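Given chain A, put chains B, C, D, E, F, G, H and I with the ligands in place with the hints provided.
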Amino acid sequence: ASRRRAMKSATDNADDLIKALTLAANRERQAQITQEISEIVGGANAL
Amino acid sequence: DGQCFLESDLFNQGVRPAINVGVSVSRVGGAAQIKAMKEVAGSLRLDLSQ
Amino acid sequence: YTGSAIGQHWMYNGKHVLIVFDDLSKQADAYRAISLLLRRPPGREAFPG
Amino acid sequence: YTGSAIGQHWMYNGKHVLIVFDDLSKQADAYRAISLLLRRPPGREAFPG
Amino acid sequence: XXXXXXXXXXXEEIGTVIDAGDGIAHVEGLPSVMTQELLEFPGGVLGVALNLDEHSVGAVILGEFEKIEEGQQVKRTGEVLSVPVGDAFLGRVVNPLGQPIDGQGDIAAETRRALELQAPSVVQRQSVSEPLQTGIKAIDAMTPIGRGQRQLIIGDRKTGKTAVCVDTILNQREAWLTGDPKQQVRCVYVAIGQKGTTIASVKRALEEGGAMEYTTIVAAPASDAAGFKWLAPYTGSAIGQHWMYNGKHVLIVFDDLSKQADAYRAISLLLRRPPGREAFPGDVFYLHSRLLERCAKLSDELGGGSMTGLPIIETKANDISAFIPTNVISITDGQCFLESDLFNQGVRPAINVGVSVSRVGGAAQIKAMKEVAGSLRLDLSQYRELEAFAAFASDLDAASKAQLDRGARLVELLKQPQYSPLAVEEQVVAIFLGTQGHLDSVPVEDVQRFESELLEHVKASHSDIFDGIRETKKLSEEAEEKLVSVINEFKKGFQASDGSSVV
Amino acid sequence: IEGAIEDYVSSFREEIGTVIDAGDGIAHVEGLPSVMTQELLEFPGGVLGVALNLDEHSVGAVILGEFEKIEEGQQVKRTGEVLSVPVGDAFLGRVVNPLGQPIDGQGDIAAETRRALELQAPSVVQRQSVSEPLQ
Amino acid sequence: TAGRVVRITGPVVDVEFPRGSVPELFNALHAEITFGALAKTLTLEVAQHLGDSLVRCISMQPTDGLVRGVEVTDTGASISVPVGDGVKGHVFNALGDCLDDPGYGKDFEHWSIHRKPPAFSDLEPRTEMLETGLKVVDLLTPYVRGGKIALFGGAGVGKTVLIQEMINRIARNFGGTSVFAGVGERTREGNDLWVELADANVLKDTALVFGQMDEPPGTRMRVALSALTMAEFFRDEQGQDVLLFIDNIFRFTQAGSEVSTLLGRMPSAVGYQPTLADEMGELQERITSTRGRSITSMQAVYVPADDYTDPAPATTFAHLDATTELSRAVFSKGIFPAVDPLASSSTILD
Amino acid sequence: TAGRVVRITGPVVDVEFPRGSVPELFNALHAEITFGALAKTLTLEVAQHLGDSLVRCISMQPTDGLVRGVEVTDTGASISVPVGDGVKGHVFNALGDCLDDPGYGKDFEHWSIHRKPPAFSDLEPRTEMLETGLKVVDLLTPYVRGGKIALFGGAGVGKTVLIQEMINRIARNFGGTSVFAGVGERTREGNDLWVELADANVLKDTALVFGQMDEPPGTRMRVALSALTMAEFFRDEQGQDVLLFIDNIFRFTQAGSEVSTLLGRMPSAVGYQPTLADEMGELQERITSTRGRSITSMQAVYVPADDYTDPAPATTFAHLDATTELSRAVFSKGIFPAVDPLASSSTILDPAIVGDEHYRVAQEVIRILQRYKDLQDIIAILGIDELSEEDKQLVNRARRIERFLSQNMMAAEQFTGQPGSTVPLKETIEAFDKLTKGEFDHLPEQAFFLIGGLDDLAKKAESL
Amino acid sequence: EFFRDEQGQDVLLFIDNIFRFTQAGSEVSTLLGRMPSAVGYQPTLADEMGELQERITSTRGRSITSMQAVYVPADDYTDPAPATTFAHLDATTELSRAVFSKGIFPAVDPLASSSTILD
Ligand SMILES: Nc1ncnc2c1ncn2[C@@H]1O[C@H](COP(=O)(O)OP(=O)(O)OP(=O)(O)O)[C@@H](O)[C@H]1O
Ligand SMILES: Nc1ncnc2c1ncn2[C@@H]1O[C@H](COP(=O)(O)OP(=O)(O)O)[C@@H](O)[C@H]1O
Ligand SMILES: [Mg+2]
Ligand SMILES: [Mg+2]
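Protein chains in written order, with my numbering: chain A, 0 to 46; chain B, 152 to 201; chain C, 159 to 207; chain D, 159 to 207; chain E, -10 to 492; chain F, 18 to 152; chain G, 5 to 354; chain H, 328 to 791; chain I, 12 to 130.
Mixed in with the good hints there might be a few duds.
Below, in silico cross-link-like pairs of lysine-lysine (PhoX-like), each with a Cα-Cα straight-line distance of 20 angstroms or less [unchecked claim]:
1) B/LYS189 with G/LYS337
2) G/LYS139 with G/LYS163
3) G/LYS337 with G/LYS208
4) E/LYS56 with G/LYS139
5) H/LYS443 with H/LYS433
6) E/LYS359 with E/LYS237
In case anyone wonders, no lab produced these hints; they're calculated from the structure.
The shape of chain A in the complex, shown without the other chains:
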């Protein structure tokens, strides 16, 4: 029974970790795309 309780707790913790990691990864995706576009456009505006 204690194994049940602790494994449910671990599943919930893993769910919240997946949520936070997904959020951070999406922010990194957006930041990467924005930095790439800013670099391309700075190169364009240099010429």
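Relative to chain A, chains B, C, D, E, F, G, H and I with the ligands alone:
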């Protein structure tokens, strides 16, 4: 209209061709299948999802 | 485009055709090159609009 | 580069030399600054081409 | 000789638009135009002369840029970027240009004030030592707002930010009805990028509550051009500052300030300025600080006025560590983070008691509330962690269980419905009920009713409680004994929705 | 004055342009007032272009393959047709380049018709619902 | 008075006009493409004024075959689309030209697609619930009259069935009419929709406007405003409640970003146009109730990489009041109309 | 003869001068704005020469109201600030104008804010430890008397609390003369500080220069130089030892970027100016303790989006001898002052300077906390119970060590009401040695929060 | 190519490292006047690299065995240069730092590496 996804992990695990049947879709669907195939494959997707 | 043009003649005459494009990512890359050489304005992932 | 020249003199005169560069990331930053002030279009991560 | 020859040689201006695109224009002529001068175009449209080149002037167009075209005449207004201002704005809905949008009538403006007037310096200001009652138990108890303070209302989509600020505006009516300007707070509600229906709903709520006697709305709805969204906070602060320097007390709400950042991003990128982090231009900080530093309490040598700011910021998925959130957190004197994970469960207003802070602190809190409630913050934080622990404790000591029930009943106490601001004289009693433990015998499901009824009990009989609190701002023992007597008398008459009495 | 300028301009039967610039697979050709977007341009070395860009001063033409042979000053003649490819049943079993020319060397191709590369697609009213399998 | 094409770069065309006759921006211009295999009359929308009487325009149709120096004739108005009762039951493109019967609707009253939202004084001061008559919708996720409802799903979850149902609902319970904006829609899927709505005989009460993917982004951008203009006419002049379907709004945003890039405007964040929020507002704020009549909207909304922080969904979801998600796990049980009661949500449930 | 304005773009102004009378770089120019209540005299600083007798200048005041064609007169010298023993006790701005007394300092000696750093031959490294009385600082990041100290962190994690606390720890007793440069921090904090330094009677021995956020970037970047000039005057001429507080120095680089985007220079990485490292270095190298004299500097560094990799903090890391680094995560745990023990560093934390007893304890604590920070990835999922005993025994005291690094600072008294605590170095060493050896492993974690010394630890534990 | 065509004696061509080719191309691009593409390579990358790679082919009756080493910037196998090079090859022995750090040497990634003759 429809996307068939081929993923390398399934390719290595032994599933070849590597169609990720759980994510590949077709918006046309059964209209493209002959009746003999509907009589059979209908339950296939549910079985593989379970 | 020329593959599709060759297919369309069969299509409009009442034939059934199958077209495989292998692969359009390099079509997009080639168009990106052509466009950037013409000094057209780039957008996301350096592709034109 | 001047460090490398002071080294190469001893080197080619038959001596053994040791050169420590502390640190080359600052040289990359300075070269970036110089190139951007000269208005060369930068490459990846704003570094000179 | 050369000087006289030079003089002999040297011996109503109108310009022309040469280029126009997407909310910006370039104008020929106007040699004598001032920077940031409010130009006007034939179509009944205004513009701000940002860039003055050697041959042409760059003008950001305010309003309908559709009406502009090449070859149009442009003429000076002779006024630096400015808005009309006066007492007549009280009760009107105006666009960033000071023009009426409600169709209620013209504006009997007193004067005109420029937007770029610098904030009061270090030597002119005074300490925030005066309470701006918001009427939200979860705020006035733990995160008090002082007059001259900047309190961020940062939160997630659909979390009751506008509701909280409307409650804060409504609560000031009890003071407005007194004629003394020292209590007579007046308000401005700057709407940036909000839906027109939401602005109409706020207008309606304030009218129904009587708040429109003293509230001014500046509306930059999502439909209008980026320039209106960019100016709306500055024109709101300009309307406020005229009252502020005259010795009035002002309350400014910005709803919401992130969309001004987005509008300035748009404007900057259309001018082709190189963007920085999150595609924002490098000077968004000088946007939000230039706006929020205007808010202050002035020294008595300059008039004892003040202006209080409640900026709202929308956070992407509660990522408080984003660029604009951290920039505004670095400007304001505190934040009340409204967590969505609590809002959906029913904790409303969803103030995160752990992350929320008032960096002025208890200096602006009245002594009664300061004594009754000052323990509540840490008790609720430790209750939250105790709950996070006990959620999976098969058994635990009786003391933990009692602290857990006390915390649950305090949390149930803090919440209150929309548009129901409670006077401080009632908030102190509402928090007394909980902190001193008189709720220890009422079931959770009834607590919110219990309090709301008792405040009416004490309202009909034994008014000397609220009056004694109000007239001295401290809860004296001669009143506390009558309070406890009334509480115990009411407990016998009250009954729960189910089960036994409440002792 | 306009009359003399117009006389001189018109004195300049089909028009011929001149390459003013070339590099990395592109060529800028001045002249050709009547050129149209995506017209096949033929240069003197036998190489072809598409004329994908039309500025005030000069056409920008992407060059198909044999770029090296281009030089400044070369005469650029225009073909009177937008990009077109031959079509027919003779293509079955052949390998062709994007211009319909045989690349397998088995021999010529008995072209049957010619079609533009950028013709309009069948519209909403012309189509039918998919009900037949592609096994 | 007529202009001349001076530059051509992809879908973008620059036109020089006589000194005094420069057209107002967003005006529609007509030009000719005379090559036989590509014969067209080309529609250009004025985007900017560049000076020297040059005008930067984006083409609504392919520029292939276009020649320099060709005559351009200003129409003196914005892109205009036909409005009236006869618009019901027919398929239109963004430019208001019929696809089911070429030449239909020329005699109809034409309205500019670029028109302002209602004044502040005309808006309803409070949100009224819409009693559509479906149990799950009315109970778990009530809809708002004149609000926006996001719709999630796909094939095999009953989407088009829900569309036909809401059309019948509006046409029989409220006496209104439906408008369907196929913003960036598949041509095959549009023919399927046309034949399905014809088979159910709800087409007589639905106006279809398809901006296809086959055509450049300007048209994919303006199709939504055309459909919303027909809906506005039905709201104001005929006095009917209207239900506007937008499928898919993310492609409105995408087309806006692409047109922004072609015009050479610097991109913002992850890569949308700088005017993203204002450009979406000028559409959504227009979908509202006034003077007793309402335009309700159902909006299918894609979410790239299923993150709700991307500026496109982040901007879209700020404007919309309800969310209905269809689930295959509910459809497979025989539960129609398959609305997921837990994933779906609504902000008027208070 | 004088020049004329010919272009205006925000605070940046281009001025044309007669053929042969062009001003040198960093020269100050005066121009007039005469609209109305907005009228004022603008000071412009020459930043570039554009050729054809045209020069580009940075305005120290908002350009609103400046019309083209107005005349501009060259002062022939850089922006000059007052210096002298009379500077102490009053408040100044970037241009040398006293705010407490407008006419004050006009008659004092004036020094140019632009000066070259001291010769390398006159530099000498400092090693004398400074005892602040904060456990985490004194243990893991010992400050240097006469060195450069910095406090990093994001928004809302303790810059101001800890900065005024360090003011109480050093300036309240420092025998020398203090200078406080407010570079782009909020004005309300400046007023609070001006009041507090008078309440504590320290004001008479310190000078204040303010450049708060409302001011345009041009002066917002020069405020630091303005204050540094007074600091280095007190250093080189009076021979006194000096404390130079600066908050916040990141806003200097931010204003540099703002002015850079206007000057027309191409952007670097995420959007800062080029020469970022060169401007920051020209600023920081002037703040150094030359041979025979000392200038102790404590700086605050902002970190946007908590991105410690942002080029500006990453650049300023190179100039500092001690670097306390705050963190969001530690702040969320309720730890205060919320210093990250593993990221922060100090160059004098070596046995030759601090002694073996100090070094061994510091490194054992770092080892324990590092093992803890490595196990965190499992702790977050499966809890402490999954760990083996050698790891669990370690984590149990790791949590306690972490929490014990907290302290009830004097500055926080105004928020928590709990009085402040100062602890001597030896007692901190003893306490952390005992903790690592386990002499306190039997007490509960909550006992360790915000204590202070060991006797207060016992007193608190007795109550639980 | 001389050894291949004019003599017919089979030959082994080794190239180390063929990424520096397109790298130098990218270095000269911005100076020539080409607008930079994605992460910062020249736009001509695909065709500039193909004009080279297609020459190493072994026409019938006369073989060339090519062995070319490719650098992967930032260990980012997604970078346009490796992603373009991958198409021109029959066998790819993809090394990885993750394996090298485990002491496995020659450190080939068994999973990513591929060959067309494994039929
Ligand atoms: N005091 C309250 N108690 C319970 N629910 C509330 C309260 N205030 C607001 N709400 C809920 O939130 C809705 C309005 O929230 P509000 O408009 O303040 O959100 P918001 O933060 O302004 O979001 P947005 O900025 O997107 O409009 C109400 O319709 C109601 O559902
Ligand atoms: N020991 C502590 N206990 C409680 N609160 C603290 C403590 N230390 C700091 N704080 C809080 O942290 C805040 C610090 O804000 P500040 O450092 O000025 O942020 P920033 O400099 O980024 O604007 C203060 O308002 C204070 O209330
Ligand atoms: Mg709101
Ligand atoms: Mg601070």
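Quiz prompt | Structure-inconsistent hints, enumerated in ascending order | solution = As far as the earlier hints go, 3, 4, 5, 6 are violated by this structure, in ascending order.
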